[PDB]
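Let's turn to chain A:
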Amino acid sequence: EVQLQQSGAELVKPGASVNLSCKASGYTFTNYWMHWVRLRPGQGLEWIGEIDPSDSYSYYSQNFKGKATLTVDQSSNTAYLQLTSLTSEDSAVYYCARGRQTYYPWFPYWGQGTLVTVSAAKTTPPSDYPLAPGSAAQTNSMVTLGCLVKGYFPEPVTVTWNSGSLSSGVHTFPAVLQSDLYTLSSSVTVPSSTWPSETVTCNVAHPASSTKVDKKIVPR
Partner candidate 1 sequence: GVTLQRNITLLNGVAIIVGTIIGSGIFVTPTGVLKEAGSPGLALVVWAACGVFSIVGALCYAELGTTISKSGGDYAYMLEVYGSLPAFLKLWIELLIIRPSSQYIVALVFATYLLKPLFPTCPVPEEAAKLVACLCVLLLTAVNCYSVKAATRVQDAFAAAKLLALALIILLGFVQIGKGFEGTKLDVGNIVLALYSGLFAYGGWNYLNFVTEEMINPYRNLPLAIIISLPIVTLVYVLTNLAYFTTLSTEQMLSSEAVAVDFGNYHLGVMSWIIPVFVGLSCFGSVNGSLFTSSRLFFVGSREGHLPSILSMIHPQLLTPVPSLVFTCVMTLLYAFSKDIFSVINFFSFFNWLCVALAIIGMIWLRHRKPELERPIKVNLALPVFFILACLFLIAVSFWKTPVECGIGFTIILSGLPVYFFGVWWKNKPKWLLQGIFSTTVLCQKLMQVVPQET
Partner candidate 2 sequence: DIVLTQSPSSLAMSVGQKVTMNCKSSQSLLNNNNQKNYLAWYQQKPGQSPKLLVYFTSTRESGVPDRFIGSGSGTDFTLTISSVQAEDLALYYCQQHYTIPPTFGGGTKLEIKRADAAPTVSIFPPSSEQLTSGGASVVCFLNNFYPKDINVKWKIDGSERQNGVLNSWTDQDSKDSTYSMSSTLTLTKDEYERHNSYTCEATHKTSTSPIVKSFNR
């Protein structure tokens, strides 16, 4: 195993700094340099810079020089990217990446991205509302169930059904942003034998305000 991992989500009020953080595992941390890359939506990847854990030297693209600041902590295998003066157009996903050879830039191992949103609008935990078919529900052999997620913030909310057990036949629709709050919905389809007979829950989860909620889909 080699595995980098990162915090899920960060909200930044415009102009403030943020720390994005990346813990390595599965290798001798000082042997390999750590790179930070970014992905602006609809605009392609961009590389920030890299840091050497053996002496804290770091090298940065011309676009980030002085705007970024990498450091490192050898005691925990953690690398930290500080970013500063963040504007709305610096909202992005920030990825921590490891090289193959000692510093050369091609990236076999990436951490799952930290989604950085830059907005003055406040953190807002989600409101979850289950959906059940109502009239003529059991007249068909397969039945669909749903979970509206409304008025939440920031962007990353996750849905899994029955604690990830119903990983087959789930559709979760991308979020819609309205009046500076997000709306999303998730859906699953099960045998008509299952739904009235068994537990069904959308296990909605929100990294940026720590709320975890398991609404049961109960008939009308």
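Inclusion criterion for the candidates: all candidates are chains of the complex that A comes from, given by their letters.
Convention: a residue touches a chain if its C-beta (ideal position, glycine included) is under 8 Å from a C-beta of that chain, and two chains touch if they have at least 3 such contacts; residues count from 1.
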item: For chain A, as assembled in this complex, the candidate in touch from 1 or 2; value: 2
item: Complex contacts: residues of chain A adjacent to candidate 2; value: 43-47, 49-50, 59-62, 95, 100, 103-108, 110-113, 127, 129-135, 144, 146, 148, 150, 171-176, 178, 183-185, 187, 189, 220
